[PDB]
Amino acid sequence: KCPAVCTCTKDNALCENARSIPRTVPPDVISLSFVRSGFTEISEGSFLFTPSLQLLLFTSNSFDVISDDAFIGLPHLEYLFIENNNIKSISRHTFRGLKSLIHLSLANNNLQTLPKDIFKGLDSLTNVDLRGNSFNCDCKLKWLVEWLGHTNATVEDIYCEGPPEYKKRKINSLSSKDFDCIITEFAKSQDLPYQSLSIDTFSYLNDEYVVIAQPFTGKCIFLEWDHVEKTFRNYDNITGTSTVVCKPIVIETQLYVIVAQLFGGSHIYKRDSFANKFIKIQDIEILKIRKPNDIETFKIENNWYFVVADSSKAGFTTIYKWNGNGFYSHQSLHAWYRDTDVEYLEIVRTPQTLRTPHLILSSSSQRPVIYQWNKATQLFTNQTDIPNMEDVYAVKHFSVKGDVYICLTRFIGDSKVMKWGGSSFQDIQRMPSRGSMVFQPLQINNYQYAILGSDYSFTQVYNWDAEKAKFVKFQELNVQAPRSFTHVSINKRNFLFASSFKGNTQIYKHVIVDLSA
Amino acid sequence: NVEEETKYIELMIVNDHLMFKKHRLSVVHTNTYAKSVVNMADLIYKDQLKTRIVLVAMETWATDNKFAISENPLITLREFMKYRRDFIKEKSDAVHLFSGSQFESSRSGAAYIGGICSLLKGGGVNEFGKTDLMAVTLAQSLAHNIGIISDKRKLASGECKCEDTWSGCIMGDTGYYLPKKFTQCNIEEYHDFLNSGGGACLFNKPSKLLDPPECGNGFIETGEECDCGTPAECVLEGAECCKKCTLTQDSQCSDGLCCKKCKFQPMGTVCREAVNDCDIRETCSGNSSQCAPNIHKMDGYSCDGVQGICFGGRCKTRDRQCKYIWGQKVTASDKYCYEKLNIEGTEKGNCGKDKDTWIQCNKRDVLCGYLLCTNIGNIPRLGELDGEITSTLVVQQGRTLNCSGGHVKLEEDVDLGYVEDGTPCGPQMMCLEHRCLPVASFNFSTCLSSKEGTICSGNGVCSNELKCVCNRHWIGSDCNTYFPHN
Ligand SMILES: *[C@@H]1O[C@H](CO)[C@@H](O)[C@H](O)[C@H]1NC(C)=O
Ligand SMILES: *[C@@H]1O[C@H](CO)[C@@H](O)[C@H](O)[C@H]1NC(C)=O
Ligand SMILES: *[C@@H]1O[C@H](CO)[C@@H](O)[C@H](O)[C@H]1NC(C)=O
Ligand SMILES: *[C@@H]1O[C@H](CO)[C@@H](O)[C@H](O)[C@H]1NC(C)=O
Ligand SMILES: *[C@@H]1O[C@H](CO)[C@@H](O)[C@H](O)[C@H]1NC(C)=O
Ligand SMILES: *[C@@H]1O[C@H](CO)[C@@H](O)[C@H](O)[C@H]1NC(C)=O
Ligand SMILES: [Ca+2]
Ligand SMILES: [Ca+2]
Ligand SMILES: [Ca+2]
Ligand SMILES: [Ca+2]
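Which chain is which? The protein sequence lines are D and A, in order.
Residues 41 to 557 (PDB author numbering) make up the first sequence, in order.
Residues 233 to 718 (PDB author numbering) make up the second sequence, in order.
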């Protein structure tokens, strides 16, 4: 009652050059072996009808895949040796179905991979031998490190044969360090029909809205998260010809919106509590403010202020204090200069341990200048320029732990990040950029990125390295012309908006992935 | 037609020491940079104003600043024109300063309005900037020199409009986004400036660039006997003649007003008629394809009858001054207005101010005083009104005449509403410093003459170069020699 392809004594069977697994064995057969059989793959759900086997071994075979639940039907199986073969990948649940397995050897078949928790489901295991395999060491072998540490079973040492950086290194000796299985990416969620310039967001009644300024047709666009089966939808527009910067402001549960244009640009709106219609409140004088290229919103000591950047030499930079009814002129800065950009940053100026509000505005042909706030006179007194950089278009800021750093934008040149010390800014990193109209730091869930755009070549995204303390190249984003990058947070959802001056603007989705699963 | 010709601006740029330092302490870098600025400005003018800007010379001072620079662009303009007059001998239609210092002004630069072809008034000053920004600055300065103005009753009223909403126009305020184009009203202001006789020196085409020659650029340079605008646009004129920037044997001329089908037009054929009483019409010489250098009557000739006297080919009268300052609908007041208003010595009329006091006009100075016009608008065509308007009603034998005037400011020392220098107050008389003086006090030059007490022996007209243009049947520098047949 034994197959002709096998050499079988009373309690043993030895099969060589078998094409298919026989399902019929004598009742008294305990151990069964297959040597150099012509098997393509293991039979799916194989080895039924033969519960009596306490031992199974395979040697010198060729197996492309070992199917799930292949060993089911062997409640008495104890020793299983699969070794000295060539196998690419095996399924995770293959070993499931035997709780009686004690000794298991995968050794010497040159496995480069194992699936996560391949050994789950056998609690009876005593010895396991993985030896003699070339193991490419990555998150799979990270779970394998977890299991090597956590198993009571004795396991002889195995070594990483790859990547070449790690060679002849004990898999038992590896820690969490020098493994990142957690990676982030930006994939575009949505494309929009219109070209964009500036973007900003605000929060009202748990709903998040986003403001886009479309320069050419003069549309200031308000869009909201639709929350039914839609990524984004625009619920409103504000029509102003030659609109440049749209910055919303909310003071005491009341929404105000400032728009800036080339002709009759100075304006300030308000949204009526009913009907959701924006109504113009104030018009600032056309004579004093001409061709503003920027707007920034900042609040200092229980008072909301407002600031505009005047790119014309005739107009002057103007800061606006807000009383109950509306905005009115507070201060003026940088007479007879062309001001490209303005930025508000709170830094610690020594000896003081307090954070003092500062202003950084950039000119066309001039170096950037920094202003120190004076509480007594309600003005900015110290005027200092940051040395050894010229033609800075814009300056942004970010804070990593206690330190505060700034990103300075240059169209053609080296855009560089600088550290704030006790007195002045200190050089950190010089990053060359071709045709960059923006350098944007962004902080999303303890991840500080930097986005450097190009109207010419790919937009270079950078990521912060805590150990290196220097930005590292991260991802490349294609934008026809990027004048801005904005971080938008929905509930448990993260997006970034990228304007395009010469093309359609882009909406990217922020996805965090874990390779360890 | 004077509008259809493509004119040429001979330009000399002077880079001060701060500009020289701003590039690499370097002559080649400053030269290439300035040449690029002129290149972009020339790209603007070629399309827009039908005028080419060619730079015939450049001088940069590496040694030291010659004069004292000011933060005020107007002062820097005056001093720079003092330097050109007292020092530079170079021949050019305009001379502009590129300054590395930053002025404190609403304006990025300053240039004299309608000052082209003038020695004293003939150029401007432009502060430092980027390539395109300084190209715009040079564009608006040369716009001032060429007669273009930013502001007007048409523009303030909205009749004149810059049709680019995203970017401005050259004469407007310049932001980060730089204007590529002139308003049509600026074009028509240029055409009005040309139709008044101004800018005669702009019709000469330079045959020498300061830069190595190039074929197909639109200019004839050493090594090429012909050229046209582009090999593509050459098909309109010059294609039958010019090949590889060289003429075949049967072609005398490539293209021009004096060139018809690769042949010189006969000498004496008129390329350009005279645009006004101050202009002399020019005829083809039979030598060159381009019409002869533009010439007008010498200063001191009468125009518009005895009501005016020519300066730079342009006729200066009081009525033309009223229409120029206050707009075309305005007419000059009758002499009764001036005659009555000069004697009173009020705010409504006067001969001038010394310190905070009105000078009583002398009897013959009546017409040299405060300028009076009849129908006046609320706002001036150019500049801004100082004080308020002036209206005085005068009744003679039941006739009511409203005599109105105003003080219009361009520069602190220059006030419109005073009779312009060189305007005649009477026969053989002219206004200077609001006083009526004889012509002999101006020490005008003269041409050669045989018969004494005559200009070009009465047979010709004396030019602004002091060369006689003879009438029919007369030849010679004095136009004395007669012709073979009467
Ligand atoms: C033995 O291994 C199992 C695996 O799950 C673990 O739960 C148990 O704590 C281990 N016993 C030890 C380490 O004594
Ligand atoms: C806002 O403007 C965009 C651009 O034309 C348009 O597609 C959208 O329908 C507008 N929203 C309105 C009219 O509510
Ligand atoms: C001005 O700059 C100096 C550094 O030179 C600094 O000590 C001071 O705090 C700044 N603020 C002033 C002077 O108001
Ligand atoms: C034009 O050229 C001819 C000879 O080609 C010469 O006789 C004549 O004097 C020239 N005209 C001038 C120099 O005005
Ligand atoms: C006075 O000037 C006004 C300006 O509008 C004009 O309408 C009027 O005809 C003039 N003459 C008078 C009021 O006698
Ligand atoms: C006449 O010529 C002299 C000589 O240069 C000059 O100084 C003067 O200004 C001229 N005009 C006069 C004397 O009115
Ligand atoms: Ca900003
Ligand atoms: Ca000339
Ligand atoms: Ca040529
Ligand atoms: Ca002429």
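If you're looking for bench data, these hints aren't it; they were derived computationally from the structure.
Cβ coordinates follow ideal geometry from the N, Cα and C atoms, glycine included.
Keep in mind that a hint or two might mislead.
Stated by the list, open to error - Restricting the straight-line Cα-Cα distance to at most 16 Å, the calculated cross-link-like pairs of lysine to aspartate or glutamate (EDC-like) are:
1. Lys-437/A <-> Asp-424/A
2. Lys-362/A <-> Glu-430/D
3. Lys-585/A <-> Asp-531/A
4. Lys-585/A <-> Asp-645/A
5. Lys-321/A <-> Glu-336/A
6. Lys-254/A <-> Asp-323/D
7. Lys-267/A <-> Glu-291/A
8. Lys-328/D <-> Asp-405/A
9. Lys-362/A <-> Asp-431/D
10. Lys-353/A <-> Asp-318/A
11. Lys-476/A <-> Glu-505/A
12. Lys-353/A <-> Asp-618/A
13. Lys-254/A <-> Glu-196/D
Unchecked claim - Here are the simulated distance ranges between beta carbons:
14. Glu-507/D <-> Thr-264/A: 40 to 48 Å
15. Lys-440/A <-> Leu-419/D: 52 to 60 Å
16. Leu-419/D <-> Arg-256/A: 35 to 43 Å
Claimed, not checked - Which stretches of chain A does chain D cover? Using the computed rule of at least three CB atoms under 8 Å from a CB of chain D, they are:
17. 331-338
18. 405-417
19. 539-550
How the hints compare with the structure:
no.	hint	result
1	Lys-437/A <-> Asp-424/A	violated (22 Å)
2	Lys-362/A <-> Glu-430/D	holds (12 Å)
3	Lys-585/A <-> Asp-531/A	violated (29 Å)
4	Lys-585/A <-> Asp-645/A	holds (12 Å)
5	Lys-321/A <-> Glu-336/A	violated (31 Å)
6	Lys-254/A <-> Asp-323/D	violated (41 Å)
7	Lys-267/A <-> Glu-291/A	holds (12 Å)
8	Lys-328/D <-> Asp-405/A	holds (12 Å)
9	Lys-362/A <-> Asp-431/D	holds (10 Å)
10	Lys-353/A <-> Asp-318/A	holds (13 Å)
11	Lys-476/A <-> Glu-505/A	violated (34 Å)
12	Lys-353/A <-> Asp-618/A	violated (24 Å)
13	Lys-254/A <-> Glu-196/D	violated (73 Å)
14	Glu-507/D <-> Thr-264/A: 40 to 48 Å	holds (47 Å)
15	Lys-440/A <-> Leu-419/D: 52 to 60 Å	holds (58 Å)
16	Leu-419/D <-> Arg-256/A: 35 to 43 Å	holds (40 Å)
17	331-338	holds (count 5)
18	405-417	holds (count 5)
19	539-550	violated (count 0)
The earlier numbered hints that this structure contradicts are 1, 3, 5, 6, 11, 12, 13 and 19.
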